[PDB]
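Starting off, we have a lone chain in the form solved without the named molecule, written out as structure tokens.
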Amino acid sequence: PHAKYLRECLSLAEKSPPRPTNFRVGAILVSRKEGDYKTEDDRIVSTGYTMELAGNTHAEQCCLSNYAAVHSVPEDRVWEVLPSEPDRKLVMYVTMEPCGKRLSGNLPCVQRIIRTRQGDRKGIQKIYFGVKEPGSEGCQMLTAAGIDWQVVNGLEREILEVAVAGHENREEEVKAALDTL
């Protein structure tokens, strides 16, 4: 089921405008029953893709921002309105490892994820992703804050090719990232 979710994330990423500099990524926020869950019981809470929303926005950021907007709060307050049911957990699928730093200085996605766990709200408890960030790691920052994560293998070339489609060095870029496997 995790690979199926990442393929849906890939479809979202394909809506991203290809830019010579951005990484085209898709993200899906899922509410899942604790225990031996049936995917049929999964609920899609929100979705996002790179630059879906005005400005220099990441997939995970748009995912949270879309939900925030529907609930009449800014994204930095999305933790207040996300579901926090006793029998369910929030997990986020994203094609690429969430960023731990952004060159622009904007708040990194790992921090947007971590800050969903505030007050009595459980927040996002696990991230599934398909490729590590190509090129302090986001995954280490998630661990340090108690956010679980898991790499879902098998889709690396496809995720990377979509992500760097707008780049001029895109063939060398994918080959380098696949070499790190």
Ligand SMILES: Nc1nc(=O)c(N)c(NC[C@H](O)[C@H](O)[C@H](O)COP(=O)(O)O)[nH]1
Given for the second form:
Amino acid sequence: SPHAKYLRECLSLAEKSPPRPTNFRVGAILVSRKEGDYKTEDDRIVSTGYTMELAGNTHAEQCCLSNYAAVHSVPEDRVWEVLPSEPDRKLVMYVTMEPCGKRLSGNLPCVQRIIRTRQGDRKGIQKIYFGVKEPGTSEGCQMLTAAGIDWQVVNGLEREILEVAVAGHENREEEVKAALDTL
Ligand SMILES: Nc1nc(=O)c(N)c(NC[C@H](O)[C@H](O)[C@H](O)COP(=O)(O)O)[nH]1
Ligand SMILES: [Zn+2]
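Please supply the corresponding structure for the form deposited with the named molecule bound (the preceding block corresponds to the form solved without the named molecule).
The complete assembly is shown below, putting the previous chain first.
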């Protein structure tokens, strides 16, 4: 699976995140892919990010978009203006964890940062590949569906993604076990 390989590279990015009690260590990779029977060799990496890579309370997907925006001299909320939008290619994002539909901090959730890349004549991010649903007791995937963003869960990496994600948590072992039980 090309998707599993991408998610393992997202995991390596997630491992750069500093452990904190209030969030998850996640990694994200933005890819430009040819429409149709694509060859993975023709994939182009557009950006990458990981949790708290950039100053402030930042998520992996947020840093991925903000890294691109910074190179292009716009704030991240304007990254839709400068992302590629080529007729024969689509933007897809790999993320270890399901993008968030709500943040306890009140920051704009990652599903909304993804949705707003589709503005004006720009195609934006068309599909999300992720490895685990967000752990815990309105789901991000449902918000993506409602806005017309495709997504696909890539199975097989759940334990490794979760153990990295919750390394900064006191309840990490129970948290991982609970999340695997939802499979
Ligand atoms: N996909 C994803 N990538 C991340 O980089 C990250 N940190 C989360 N975590 C989602 C979780 O719901 C939020 O971490 C809490 O809601 C606390 O909110 P803040 O992070 O402090 O804004 N999820
Ligand atoms: Zn998020």
